[PDB]
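Asks: So the chains spell out like this:
There are 4 protein chains.
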Amino acid sequence: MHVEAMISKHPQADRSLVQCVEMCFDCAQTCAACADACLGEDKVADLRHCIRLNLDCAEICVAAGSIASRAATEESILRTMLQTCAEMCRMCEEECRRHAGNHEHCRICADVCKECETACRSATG
Amino acid sequence: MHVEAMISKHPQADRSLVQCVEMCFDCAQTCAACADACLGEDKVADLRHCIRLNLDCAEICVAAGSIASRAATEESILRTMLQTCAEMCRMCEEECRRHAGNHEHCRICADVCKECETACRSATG
Amino acid sequence: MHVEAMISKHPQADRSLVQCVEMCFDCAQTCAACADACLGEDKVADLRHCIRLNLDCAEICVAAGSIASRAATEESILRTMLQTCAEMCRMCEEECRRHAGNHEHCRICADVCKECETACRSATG
Amino acid sequence: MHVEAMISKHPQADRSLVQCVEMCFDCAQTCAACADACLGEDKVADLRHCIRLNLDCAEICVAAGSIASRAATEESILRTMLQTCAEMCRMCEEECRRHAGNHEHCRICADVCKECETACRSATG
Ligand SMILES: [Cu+]
Ligand SMILES: [Cu+]
Ligand SMILES: [Cu+]
Ligand SMILES: [Cu+]
Ligand SMILES: [Cu+]
Ligand SMILES: [Cu+]
Ligand SMILES: [Cu+]
Ligand SMILES: [Cu+]
Ligand SMILES: [Cu+]
Ligand SMILES: [Cu+]
Ligand SMILES: [Cu+]
Ligand SMILES: [Cu+]
Ligand SMILES: [Cu+]
Ligand SMILES: [Cu+]
Ligand SMILES: [Cu+]
Ligand SMILES: [Cu+]
Ligand SMILES: [Cu+]
Ligand SMILES: [Cu+]
Ligand SMILES: [Cu+]
Ligand SMILES: [Cu+]
Ligand SMILES: [Cu+]
Ligand SMILES: [Cu+]
Ligand SMILES: [Cu+]
Ligand SMILES: [Cu+]
Ligand SMILES: [Cu+]
Ligand SMILES: [Cu+]
Ligand SMILES: [Cu+]
Ligand SMILES: [Cu+]
Ligand SMILES: [Cu+]
Ligand SMILES: [Cu+]
Ligand SMILES: [Cu+]
Ligand SMILES: [Cu+]
Ligand SMILES: [Cu+]
Ligand SMILES: [Cu+]
Ligand SMILES: [Cu+]
Ligand SMILES: [Cu+]
Ligand SMILES: [Cu+]
Ligand SMILES: [Cu+]
Ligand SMILES: [Cu+]
Ligand SMILES: [Cu+]
Ligand SMILES: [Cu+]
Ligand SMILES: [Cu+]
Ligand SMILES: [Cu+]
Ligand SMILES: [Cu+]
Ligand SMILES: [Cu+]
Ligand SMILES: [Cu+]
Ligand SMILES: [Cu+]
Ligand SMILES: [Cu+]
Ligand SMILES: [Cu+]
Ligand SMILES: [Cu+]
Ligand SMILES: [Cu+]
Ligand SMILES: [Cu+]
Ligand SMILES: [Cu+]
Ligand SMILES: [Cu+]
Ligand SMILES: [Cu+]
Ligand SMILES: [Cu+]
Ligand SMILES: [Cu+]
Ligand SMILES: [Cu+]
Ligand SMILES: [Cu+]
Ligand SMILES: [Cu+]
Ligand code: NA
Ligand code: NA
Ligand code: NA
Ligand code: NA
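Residue numbers (PDB author numbering), protein chains in the order written: chain A, 1 to 13, 18 to 76, 78 to 130; chain B, 1 to 13, 18 to 76, 78 to 130; chain C, 1 to 13, 18 to 76, 78 to 130; chain D, 1 to 13, 18 to 76, 78 to 130.
You may find that some hints are simply not true.
Stretches of chain B that chain C covers, calculated by requiring three or more beta carbons in the stretch to come under 8 Å of a beta carbon on chain C [unchecked claim]:
no. : region
1   : 26 to 36
2   : 41 to 51
3   : 109 to 121
The hints are simulated quantities; they were obtained by calculation from the structure and are not laboratory data.
Backbone N, C-alpha and C fix where the C-beta goes; we use that ideal spot for every residue, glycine too.
All chains should be modelled from the sequences, with the hints used to inform the complete structure.
Replies: The following block contains the structure:
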């Protein structure tokens with residue numbers, strides 16, 4: 001990623021923010037991937053809620069990552086958006102974690118959602 | 001839109021929700037349009053904050069509209086996402102409203118953001 | 001929608021373009037809805053390809069709608086993006102149509118994708 | 001990113021594809037950042053076309069990255086979407102490159118768009 005390099009060259013120019025943007029995009033891709041993998045499993049009927057939560061988590065994480073990319078002093082929705090993203094990731098983590106013993110893709114995704122949750126919460130500080 | 005027709009045919013199947025989805029997509033398109041119009045004005049330097057808020061409002065409104073399209078009994082991020090969208094629209098409305106005397110596009114956008122704010126807040130009930 | 005009203009107030013200011025933007029957002033919402041409905045069906049394992057195509061069609065249609073909202078004389082990706090959106094909608098229509106006898110949501114979605122395909126192709130002219 | 005780890009655990013499971025997904029998300033974030041930086045420059049009126057192209061490139065790159073994340078044998082829009090993304094990045098590169106002597110953020114962005122263009126074109130093979 002080029003998050004850190006772009007922040008330093010912004011004419012209005018933060019480690020917690022860089023980590024948050026990086027994680028949001030990582031987590032968006034991972035959740036989109038996890039949903040698709042779940043859709044290809046024999047046992048897809050057991051993964052409906054997981055697929056749905058991953059789709060919502062991918063959407064929210066892209067939005068949050070985009071918003072945060074534009075947050076390098079003026080009033081912003083950033084802190085509200087990051088709280089919502091943290092809650093989304095917490096929910097998605099919980100469901101992916103439940104399937105992690107059965108599907109390796111869900112273990113990887115649950116780990117990324119946990120990290121993203123932490124990153125987004127830390128950037129609200 | 002086909003929001004109402006699709007909700008009624010969902011196997012797990018709400019006027020406030022239909023109005024919220026419709027408005028989110030209307031508002032996303034309107035804000036994207038408003039940002040582009042502002043970017044073409046002689047006086048673009050006065051509209052920087054407006055353009056930035058419109059970009060964030062378009063992103064959040066698409067996300068909210070998508071999430072809400074998937075919310076037709079299971080646990081959801083919906084109510085959190087709709088609160089964030091309502092706050093986003095309130096912020097964007099305020100700035101577009103400030104320019105409404107000068108730019109007709111901003112008057113139209115401020116009106117749509119006001120309506121979307123109301124719709125999203127009403128769907129959290 | 002406010003597509004037509006916003007185009008007329010753009011400082012750089018087209019019926020085919022308005023219809024294309026409107027349809028892209030309608031189709032994005034419809035496909036997102038169709039995927040979610042398919043995910044809730046008893047027979048979800050038969051709908052894997054449909055769900056996947058709907059997810060891609062929602063993503064492409066939002067992108068196309070956004071791009072087209074910013075296309076009201079300068080060089081643009083618009084015509085390329087609209088060709089891609091037309092191909093996406095054609096593919097998604099074909100698969101939703103295949104399930105239309107079994108699931109009413111897929112009949113509605115197939116009809117919207119057909120219309121969106123036509124609209125996007127007509128706006129490339 | 002977790003692109004490579006997720007592809008290997010997909011139940012239907018490609019170096020060119022991994023590089024393409026990674027680059028699309030990098031480029032989406034970079035272009036969103038570049039647009040915001042341009043919007044904060046004294047000389048924003050000279051950067052209108054650059055801002056507009058960056059917004060379109062961010063939208064297309066997210067879409068392409070998402071689609072490609074779901075492309076790990079069945080029929081797909083992938084190759085069409087990647088051609089469109091390659092054309093988008095070529096256009097955005099050209100305009101960012103034109104401003105690269107004046108704005109360091111545009112130099113970084115032009116380099117990322119060039120790389121993403123190459124990656125997306127290589128994944129169509
Ligand atoms: Cu995230
Ligand atoms: Cu994620
Ligand atoms: Cu999954
Ligand atoms: Cu997730
Ligand atoms: Cu997420
Ligand atoms: Cu999150
Ligand atoms: Cu986040
Ligand atoms: Cu997540
Ligand atoms: Cu999850
Ligand atoms: Cu998974
Ligand atoms: Cu998962
Ligand atoms: Cu995850
Ligand atoms: Cu997950
Ligand atoms: Cu996440
Ligand atoms: Cu996060
Ligand atoms: Cu809205
Ligand atoms: Cu709006
Ligand atoms: Cu505007
Ligand atoms: Cu707005
Ligand atoms: Cu909005
Ligand atoms: Cu909103
Ligand atoms: Cu909303
Ligand atoms: Cu708004
Ligand atoms: Cu606004
Ligand atoms: Cu405006
Ligand atoms: Cu506005
Ligand atoms: Cu508005
Ligand atoms: Cu506005
Ligand atoms: Cu709004
Ligand atoms: Cu709303
Ligand atoms: Cu469409
Ligand atoms: Cu559609
Ligand atoms: Cu469906
Ligand atoms: Cu579709
Ligand atoms: Cu579509
Ligand atoms: Cu389309
Ligand atoms: Cu289209
Ligand atoms: Cu479609
Ligand atoms: Cu379809
Ligand atoms: Cu359907
Ligand atoms: Cu369908
Ligand atoms: Cu459809
Ligand atoms: Cu469909
Ligand atoms: Cu469509
Ligand atoms: Cu269309
Ligand atoms: Cu790209
Ligand atoms: Cu880019
Ligand atoms: Cu820039
Ligand atoms: Cu760009
Ligand atoms: Cu791009
Ligand atoms: Cu690209
Ligand atoms: Cu690309
Ligand atoms: Cu680019
Ligand atoms: Cu560019
Ligand atoms: Cu830049
Ligand atoms: Cu740039
Ligand atoms: Cu770039
Ligand atoms: Cu750029
Ligand atoms: Cu790019
Ligand atoms: Cu690329
Ligand atoms: Na900002
Ligand atoms: Na749902
Ligand atoms: Na334009
Ligand atoms: Na696929």
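Asks: If a hint holds in the structure, say so; if it doesn't, say that too.
Replies: We went through each hint and held it up to the structure:
As drawn, the region 26 to 36 of chain B meets chain C at 6 residues by the rule of a beta-carbon pair under 8 Å; at three or more, the given contact holds. Restraint check on the region 41 to 51 of chain B versus chain C: 4 residues with Cβ-Cβ distances below 8 Å, three needed, restraint holds. For the region 109 to 121 of chain B, the stated coverage by chain C is satisfied: 5 residues place a CB nearer than 8 Å to a CB of that chain, which reaches the threshold of 3.
In this structure, none of the earlier numbered hints is contradicted; all agree with it.
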